[PDB]
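Let's turn to subunit A:
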Amino acid sequence: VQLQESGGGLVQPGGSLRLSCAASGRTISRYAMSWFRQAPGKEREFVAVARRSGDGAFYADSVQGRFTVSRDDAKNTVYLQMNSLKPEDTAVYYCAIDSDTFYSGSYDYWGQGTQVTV
Partner candidate 1 sequence: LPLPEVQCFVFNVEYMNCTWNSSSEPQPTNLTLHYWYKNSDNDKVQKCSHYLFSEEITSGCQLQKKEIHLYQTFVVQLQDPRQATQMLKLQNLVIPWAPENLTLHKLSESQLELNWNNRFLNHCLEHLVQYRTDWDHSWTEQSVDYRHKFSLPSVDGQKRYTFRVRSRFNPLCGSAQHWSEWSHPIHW
Partner candidate 2 sequence: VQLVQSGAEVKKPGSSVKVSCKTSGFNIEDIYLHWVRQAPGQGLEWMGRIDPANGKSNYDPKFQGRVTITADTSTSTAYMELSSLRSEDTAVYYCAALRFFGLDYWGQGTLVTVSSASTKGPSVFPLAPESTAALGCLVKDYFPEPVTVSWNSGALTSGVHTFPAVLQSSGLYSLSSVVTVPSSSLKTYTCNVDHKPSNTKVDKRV
Partner candidate 3 sequence: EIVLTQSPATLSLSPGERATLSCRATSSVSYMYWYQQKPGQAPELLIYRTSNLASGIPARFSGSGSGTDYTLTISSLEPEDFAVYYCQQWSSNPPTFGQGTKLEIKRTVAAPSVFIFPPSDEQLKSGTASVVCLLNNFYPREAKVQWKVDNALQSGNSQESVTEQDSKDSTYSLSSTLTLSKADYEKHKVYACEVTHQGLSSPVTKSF
């Protein structure tokens, strides 16, 4: 799998941004798809996970109520919609695919990432 992230850019505080993770090599219809963020002055932090359609979408405490993970299985794409962005959200966002179909967090293929500056 070759995960590619796109949509990163400079956004004013309180704005909205959309990130897209495209998967090339395997179909996402069977695997969970997770977004992680890494601040320049921090370590990598879990943001959200979009599981298989109908299995729910889980979020971190910080992004709860603002971010939403959508899952376009036809295009093998996973989207992250951020609303009410804060300067604390300035980080590089990476996208990983959970190789375990049982959702045990086996992230083998990671993405290149996109810098989102607020």
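Picked so that all candidates are chains of the complex that A comes from, given by their letters.
Note that in this section a contact is a pair of C-beta atoms (placed from the backbone, for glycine too) under 8 Å apart; a residue touches a chain by one contact, two chains touch by 3 or more; residues count from 1.
K.L.:
Looking at this complex, which candidate touches subunit A: 1, 2 or 3?
P.N.:
3
K.L.:
Provide the residue numbers of subunit A that touch candidate 3 in the complex, in ascending order.
P.N.:
Contact set of subunit A toward candidate 3: 32, 34, 36, 44-46, 49, 54-56, 58-61, 64, 96, 98, 100, 102-107.
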